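**Student:** What follows is the residue order along each chain.
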Amino acid sequence: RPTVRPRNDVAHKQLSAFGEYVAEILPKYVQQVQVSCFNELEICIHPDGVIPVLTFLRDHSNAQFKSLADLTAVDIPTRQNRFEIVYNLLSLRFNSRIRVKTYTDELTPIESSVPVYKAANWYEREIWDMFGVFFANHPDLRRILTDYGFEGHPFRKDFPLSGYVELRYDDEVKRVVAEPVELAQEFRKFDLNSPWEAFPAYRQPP
Amino acid sequence: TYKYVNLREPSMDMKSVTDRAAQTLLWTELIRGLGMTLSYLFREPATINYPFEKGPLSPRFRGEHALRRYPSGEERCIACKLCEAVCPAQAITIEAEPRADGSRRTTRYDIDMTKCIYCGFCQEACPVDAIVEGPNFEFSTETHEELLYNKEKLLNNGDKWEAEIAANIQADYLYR
Amino acid sequence: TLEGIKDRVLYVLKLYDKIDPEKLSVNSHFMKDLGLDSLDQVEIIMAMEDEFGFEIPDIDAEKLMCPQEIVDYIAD
Amino acid sequence: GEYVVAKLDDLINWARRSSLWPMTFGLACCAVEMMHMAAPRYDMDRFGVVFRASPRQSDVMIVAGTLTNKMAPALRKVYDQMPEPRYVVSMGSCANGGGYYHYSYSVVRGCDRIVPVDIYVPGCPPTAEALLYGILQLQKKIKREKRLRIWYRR
Amino acid sequence: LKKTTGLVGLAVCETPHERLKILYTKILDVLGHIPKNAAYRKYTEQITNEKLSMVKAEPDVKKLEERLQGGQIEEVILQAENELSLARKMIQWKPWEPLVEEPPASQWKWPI
Amino acid sequence: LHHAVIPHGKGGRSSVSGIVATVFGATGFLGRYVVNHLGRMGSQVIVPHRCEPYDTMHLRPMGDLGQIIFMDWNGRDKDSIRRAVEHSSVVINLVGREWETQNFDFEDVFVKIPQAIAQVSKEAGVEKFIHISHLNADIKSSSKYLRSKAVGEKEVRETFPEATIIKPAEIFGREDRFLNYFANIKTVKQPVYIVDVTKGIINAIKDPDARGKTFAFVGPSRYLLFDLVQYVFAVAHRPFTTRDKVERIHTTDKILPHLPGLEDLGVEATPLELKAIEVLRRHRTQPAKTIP
Amino acid sequence: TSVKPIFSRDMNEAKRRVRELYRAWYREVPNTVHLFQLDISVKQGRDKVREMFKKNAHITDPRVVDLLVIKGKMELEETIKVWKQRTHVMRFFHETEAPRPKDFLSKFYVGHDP
Ligand SMILES: CCCCCCCCCCCCCCCCCC(=O)OC[C@H](COP(=O)(O)OCCN)OC(=O)CCCCCCCCCCCCCCCCC
Ligand SMILES: NC(=O)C1=CN([C@@H]2O[C@H](COP(=O)(O)OP(=O)(O)OC[C@H]3O[C@@H](n4cnc5c(N)ncnc54)[C@H](OP(=O)(O)O)[C@@H]3O)[C@@H](O)[C@H]2O)C=CC1
Ligand code: SF4
Ligand code: SF4
Ligand code: SF4
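Protein chains in written order, with the entry's author numbering: chain C, 8 to 213; chain I, 1 to 176; chain T, 7 to 43, 44A, 45 to 82; chain B, 26 to 179; chain V, 4 to 115; chain P, 1 to 185, 199 to 253, 279 to 323, 335 to 341; chain W, 15 to 128.
These aren't lab readings, by the way, just hints derived from the structure by calculation.
One or more of the hints may lead you astray.
Unchecked claim - Straight-line C-alpha distance at most 30 Å; calculated BS3-like pairs for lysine-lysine:
no. : chain 1 : residue 1 : chain 2 : residue 2
1   : W       : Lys95     : C       : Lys125
2   : C       : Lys20     : V       : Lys39
3   : B       : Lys166    : I       : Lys151
4   : P       : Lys140    : P       : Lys283
5   : B       : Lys95     : W       : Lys68
6   : T       : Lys20     : P       : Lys338
7   : B       : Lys95     : W       : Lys57
8   : W       : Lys95     : P       : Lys313
9   : V       : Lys112    : W       : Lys18
10  : C       : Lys73     : V       : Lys92
11  : I       : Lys3      : C       : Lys73
12  : I       : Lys15     : V       : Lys65
13  : W       : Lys121    : P       : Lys226
14  : P       : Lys10     : C       : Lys181
15  : W       : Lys85     : B       : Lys102
16  : T       : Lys20     : W       : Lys69
17  : V       : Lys65     : I       : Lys3
18  : V       : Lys66     : C       : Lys125
19  : W       : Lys68     : B       : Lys102
20  : C       : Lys125    : V       : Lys39
21  : V       : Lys39     : C       : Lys35
22  : T       : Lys20     : W       : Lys62
23  : C       : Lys164    : B       : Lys95
24  : V       : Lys112    : C       : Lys20
25  : C       : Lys108    : V       : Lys92
26  : W       : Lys68     : P       : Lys219
27  : W       : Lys18     : B       : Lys102
28  : V       : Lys112    : I       : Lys3
29  : C       : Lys164    : I       : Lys151
Using the sequences and the hints given, assemble the complete structure.
**Tutor:** Next up, the structure:
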């Protein structure tokens, strides 16, 4: 079938088997394990398990996930714990990838993973800057992307696209000043969603 | 499959050691580098004599926008707003109403040329080849306001450039 | 020197504008009598820190709520 | 007498447009196309436009890329240190008016909010030739200047 | 003995066989302090014993590397050190214990 | 109100203040502040200029796209004045020179030109006219500068009776020729801050009770010229010009109690002591005694 | 109602961190006014610092207080180390923002906003 992406059952089984393997070894922290239809393994863990679970995946002989590919966050306001923390790891030894996910809210710190992966340093600063998630015991937690003195965390779903302040040069004070944002043309919100269901396979029970 | 870029053991025979000593003292590899830049001195330069000579372009080139007409002179645009919807930069602003003869036509068609990313998505989305990116790339201005195109400006661009635009569309439409 | 210490405390406090000079007495509570707030007391302590040239920690400073404790505190 | 003033304007105007030394803020994508303007095909140096000049020997600032709020104060400081006469060329949609990031919380919506701008080069990015057209248009603007003619009439 | 491992910072090992026996023995010693019915102990003893048997049963390093499938023998030694370090930490974390806390009801539901 | 000039927005750069202003003399010291405050709130500003466009470049960032419009004009050409004012609701005249030139004497900048602007503005139907005069304007002054300011101040009041006339004292500020004048080197002075004068002008545009009035803009304190110059040198960390200019600096600042001032437009005068360092910091390589 | 603490385990410990931060800010203002060549007085700088603390006086959550102090320390680090420029320091004073009307009538005259 030329237009349909082919399945790979061999990889699906291997990843499923390793998913059970991880969950048997770390029952204290693993809450859910799933493999996607395009064969990506996700471990969902209690936030207490960050250091133990990441250390096990880095150091264990059947894991050896030596490379932290990415660390980011997702904001889902409807959840009690709105922030989902995502670790994407790579194992060169076994030519495999794994995703570890945990959660936190505005006021609950997450343990910094710099001790496991030195790559985590700047990623956690970016998560602090863009989402406002505090990482405990970080060697140097501060903003990395936003302007100095910037207020708020832009990547939160409830932060407006254009922010609250805009800059310009002011001649009277001979410097760049910040002022409440006004737009000559407001961003035009589009309602694009079709009112007809697209994917029956994902229908949520009513 | 892999190869080593820099895994080699220098020979320690006296003939080779003296070869490296001569290179160190006589600067031979530095002299070799001088030859390369010398050989360029006597090569023809690649420079072209702009604006009397122009860099080559293809019929697909994405330049200044224009609104086109049918051969009769009727506007091609029917205010469908597909260009405005797809525009990645929201650079297009359209308003429309029935024309005096009842035709479906725009009363506003603005492109903020300083929002536009010159991506060509508008001309892909257009069902009647009304909005195109033309071949002109020499329209820099002295003021910001001059780059806020309204419908009159865009229609004038179409009348100004149609001779070239039509030929470019003729050469590429079978790839679309 | 105990009256010498005591004099300096009143010297610093007089300079502190927020304290009405007449209301001030050596046994006046900052927050009951003189009507100062928490951070007003913090600024007073930093002034004493400067006058007597030593650092007064927060645990120690939180209890110095009238000039007498300050005079008493320095002496130790 | 007015004949003298007309010819001195021509002389100083000719010298200034014939020796335009630019400072480029290579902020983003558009910096690549100014590099291609310096490259052999277009060779901006052949017009008298040296490839790179220090800010204090510069005559024209070319803002080539997106100006963020974080960078805006630094850009203004460099403009204020330019000896006069000084000109600004805004190159690309981002610098012209914010472009594809116009609605961002972190982007200045056009560098003309920070410095005055003499030439606006459209495109995302403008081709190296389009930038060269804008530079030659700035030369013609300098050719029109009448500083001494106006001075003599104060 | 090979001249280099090919990996910057990973030095050649002069006596890899005896180094691996010492490390694998140490790992098995540490795993004895873990409860007998913890999956980490059962699995880690199983793989450690498999590698230990191959080390004792093959005197030629490059034949041994071909059997271990762990890259250079110096990489296998480093991996043994990593497992030993992990095993010690596992005793403090005790991850074989029950799940500390359930997530909220919709914590992992997607799409919302 | 014509629909185009009804105010909208929140008073920022992209808002619509409803003011359409022609500012003569906008390329000078006072003009740059006036245009800035107009463009801050989204006013349409027409800038007639006599100088090179290069010399108007600092005004362009002061307004959103399209809000600052530039025009050529000649002080002696009434048609060029008519072009600049026939669409405006307020005309502001800031034209002046502190010295005379071969082509323009004080009677030109301070009488003939202001009168022509006022007359053409009257004919074109402009509702409001704001004319800057001087506190010490006086036909018996030893200064030809101040004598002309008095003659022109009278001709504007006669030509455009509803004009708001503003009489500032010496204005100090970053680009002034006052504090800077001393730093580049009997009498009581009452200098006023540039931003105060600008705010007064802006509030005069809005205040309907300001029409037909004459204001004196003065600072909060009076100083002896010697005590002021001493303070300037102290602030500039320095060890302590035409003939007409010297006469002005030695003219005592009049005290006109009957005239309304900055407090009658809602503006609090800024003490010199707050802003002197701002102006004099660049000159670096005890507050002055005030008259009660 | 059991939650993971940030630093403080109760409001008393949180308030100690607040006072340490206030002291650090209070002592840094004279240096900031000098290094950044500000045109404000030291009194103005300290009055601004006190204003910023006061608006957060009503907090009773030690975790929220902890975050406010964390952000306050980062803001102080940017100032002490001169990562900020003069424009960033002066953004606390809104020198170009004309005062918004506060009473009902003034807001009624200018627009529709509450
Ligand atoms: C009978 C017995 C008689 C007794 C007398 C016999 C004497 C003959 C034998 C002596 C010959 C010695 C030659 C002297 C030249 C200097 C040699 C020298 O200094 O080379 C070494 C120097 C650094 O070399 P390096 O690779 O860094 O390693 C050495 C340190 N570890 O290398 C360098 O200096 C590099 C220089 C870098 C600059 C390069 C730019 C120049 C390249 C083009 C130069 C062309 C030559 C110009 C000719 C002169 C023109 C007038
Ligand atoms: N600054 C002060 O201390 C006080 C000033 N005033 C008055 O305030 C007004 C402005 O003050 P200031 O801004 O300091 O004066 P400036 O000299 O700084 O600016 C004067 C303006 O007048 C214009 N101008 C001068 N002569 C002519 C002319 N012949 N034809 C056309 N335009 C001309 C200049 O334009 P160009 O740039 O083209 O020369 C400039 O824009 C003046 O009327 C001044 O007398 C009153 C009291 C105090
Ligand atoms: S070229 Fe792209 S960005 Fe520009 S108007 Fe068309 S769709 Fe919009
Ligand atoms: S230009 Fe084309 S796509 Fe855009 S509104 Fe007109 S017909 Fe539709
Ligand atoms: S204008 Fe286009 S090419 Fe230039 S920096 Fe912006 S996005 Fe990149």
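**Student:** So which of those numbered hints doesn't the model satisfy?
**Tutor:** 12, 18, 19, 20, 26, 27, 28, 29
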